[PDB]
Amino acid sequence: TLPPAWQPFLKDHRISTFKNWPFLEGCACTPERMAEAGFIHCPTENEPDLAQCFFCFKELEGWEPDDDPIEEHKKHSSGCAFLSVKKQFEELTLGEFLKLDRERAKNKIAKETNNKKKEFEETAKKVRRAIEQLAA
């Protein structure tokens, strides 16, 4: 088998992650077509159709059956490197693969930072509002 951390590089693992994905047979954003685009299904309560690139970590809710997940990926995250991987996985080299994984680990960190930032600006707003009300 393949080291679990490295698993989302696998189209078939990514597919397997779609569990009760609403858009099946007749749709353009089918789990197959979705995994092919690098998404994994990571549903929440308020967001049951939440999908995420395993590589750039962009997150997209609000899918419509006519959406082409590739086109939708170039749109909301053109910078993503997986988008450029022409080759099929096992056609890669370990060298090429490790380059890619390093970039993933970097994008992940980049994403963590980015969230911590929003969390920070959220807390700020609360503090601002409070102080204002307290001065009023």
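Here the rigid core means the biggest group of C-alpha atoms that line up within 1.5 Å when the two forms are laid on top of each other. Only residues modelled in both forms are compared. Residue numbers count along the first chain shown, from 1. First, how it differs from the form deposited in another entry.
Here residue 126 counts as shifted, since its C-alpha moves by at least 2 Å between the two forms after the core is aligned. After superposing on the rigid core, the one stretch of 3 or more consecutive residues whose C-alphas move by 2 Å or more between the two forms is 124-136.
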Contents of the next structure:
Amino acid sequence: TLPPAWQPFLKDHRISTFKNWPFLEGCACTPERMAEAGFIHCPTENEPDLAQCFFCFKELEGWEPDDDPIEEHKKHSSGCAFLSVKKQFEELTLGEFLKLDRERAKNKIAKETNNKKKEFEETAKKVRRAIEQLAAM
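In place of the form deposited in one PDB entry, the structure of the form deposited in another entry is requested.
Only one chain is given; partner chains and other molecules are left out.
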């Protein structure tokens, strides 16, 4: 019985996001191992195997059955602090937990601002080009 916003810190919540995950028993990147590694399932029509770390917000697709989710998390987002968490959720102190939730919020913000920066720069390219075209004739 925990607030929706904190659910993703719980392994069982993360497992439960995996609706129609294609890699089941026999495979290394099962729901159990994806969740153990921090991922939740964020499928689209386009990107049906899409997964995201709840903590650092890295988004990975193109999963292969032999992929070890933890190694993939390490390779693709090595600064992620969730990877450092050795203790079970209930063995954390509230101070530790609050320190973690603050870093998560900062990660979320950083991701959102990184997105805004790329969208802006793309708009800037369109405006620039259009002005250049006009000055030509």
